[PDB]
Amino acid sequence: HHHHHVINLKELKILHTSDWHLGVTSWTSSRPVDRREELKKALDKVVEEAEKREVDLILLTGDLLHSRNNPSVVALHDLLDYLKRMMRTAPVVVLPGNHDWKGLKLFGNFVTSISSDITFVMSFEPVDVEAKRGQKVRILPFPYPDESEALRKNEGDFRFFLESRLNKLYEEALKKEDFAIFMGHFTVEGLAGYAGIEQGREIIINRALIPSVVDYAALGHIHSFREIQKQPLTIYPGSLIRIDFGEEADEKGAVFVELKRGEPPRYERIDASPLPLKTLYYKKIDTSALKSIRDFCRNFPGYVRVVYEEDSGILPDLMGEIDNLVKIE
């Protein structure tokens, strides 16, 4: 079973999902929670929506595995499992994150060569792919620089390097046939309300430098859904689960994008319905704070953190009592 060929098809339906973080166990220093069941439920939801909408093309934009090092066998099994499920629905294009595995490019090249339903982009070189109904899509990829990031002493030369790669992708996008799609794995400059992860070693790109002649710019690396701009339509889908506290207010899920020649692109979010997070803050863990903690957590379907400033003696076994209390600090 391969791709249809529709004459004069000027429409393209896209599923764009990202930042799965397969394999993550959260709060290992306090109360480890294996996020696999929740994450697989969200991925199943995304797969089912993609099949229901009959998307033509599936875009994955990196950090699909939580560990930059060797992932667990179960994490790799899940990643490959869902790749197969997505390939069964529509051709898949994969822009991986900044993983350490030196064989990743080799694996990506190999599976790209042996299947017309998956493409790994791991360089700045454009790739022409065919979507489910025969649409020709020029992929303009922008991965984390291959330690050209570390191989640079100069901030000015590195920024010029990145801009020159963006300019080249712009030129290639002009040589488009039907559709052009930018795929990037980086941090957009000046993101409203981004922790920055106390920033060090990120790739920061000005959103105005993303080639404006692409039909859609699919970004990954950021855990919250963000519509970055409308021309070109530029989106981070977000992660599928709330990975840690700080992500209480994020929107989580994937995005369905519809492109039509001569018309503006339209999209819908596919919400993941993630479990919620809550941080409870107290001056002191007194009896009034204890009943607040116990009563809140008992009716809260997600995970709870408790923060308190002042010493309050030996606390009772709160976590033994409360199954969804994962951290006290």
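Numbering follows the first chain given and starts at 1. Throughout, rigid core stands for the largest set of C-alpha atoms superposing within 1.5 Å between the two forms. What changes on going to the form deposited in another entry:
Following superposition on the rigid core between the two forms, the residue from 68, 261, 284, 266 with a C-alpha displacement of 2 angstroms or more is 284, and no other. In a rigid-core overlay of the protein, residue 189 has its C-alpha displaced by under 2 Å between the two forms. Core-aligned CA deviation for residue 116 between the two forms: less than 2 Å. The rigid-core alignment places the CA of residue 147 2 Å or more apart between the two forms.
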Contents of the next structure:
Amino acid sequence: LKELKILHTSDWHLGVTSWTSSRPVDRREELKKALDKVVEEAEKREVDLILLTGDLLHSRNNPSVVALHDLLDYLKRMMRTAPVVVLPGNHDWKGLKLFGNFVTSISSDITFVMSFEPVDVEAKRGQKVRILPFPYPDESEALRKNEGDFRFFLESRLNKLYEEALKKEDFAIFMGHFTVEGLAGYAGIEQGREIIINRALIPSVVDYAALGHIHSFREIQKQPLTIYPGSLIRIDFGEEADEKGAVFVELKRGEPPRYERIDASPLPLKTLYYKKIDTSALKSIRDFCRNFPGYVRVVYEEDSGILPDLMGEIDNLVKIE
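In place of the form deposited in one PDB entry, output the structure of the form deposited in another entry.
All you get below is the one chain by itself.
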């Protein structure tokens, strides 16, 4: 047709345990609840295509059974709503590509793009969609990397995708797993680290660019619409002010693309700032934590001598800096 409704979510980080150094907190229950809201909104808005990018699994090379089980489960829940296109992150298990290709071959409701080669998928209402994938470069690239030709290598493939995008029928969607050049704020870096790609190098002829790997929601540009949806939960206190969720994108053949943020409303984070820890502050911390339904961080400047076991008496206090 001439219309395409898309749900784009990324960076689920299934299996994550936060603040393992100070107070380990399994985010599974919170994550699943947020993950459920995204699924419900997919069915409610009746999306035609679902895009998955970023780190769906927290552990790159050692995911737990439970984490893997949650992944496959939510993959299936997504598939029952609309056809799914997945751009996996970088995993060194070379058998993963075999699995992805196998699953892609046996189901018409899911596609795993694990190369730079474009793939023509079919949306829920029959819309033809050309996927332009740009995953983390294999080696290949890290082997022939000299900083100079490596940048030229990336541009070549980006130019190749541009040429392939011109061959589109109905819609063309770009999917990339990298960090856009010019990010000073998260920017969790690096050092390192992942591949840096400039905005203008993204094929302008695509209808939408689906990005991942970033915890925080970022609207990179409008033409073409380039978006990091962000994670579904607040992984750490750097994301305290962030709003977490997924992205609903709608496309028309002639009209400009529009999008909305789908709030997952995960648990809130709070950082309390003190000059020093004294009697008044000690009571202030205990009082706030008992009334706060989220997780709390406490940072203070001046040394306050011996500190009472706060991370042993306050289940809500997860970090002291």
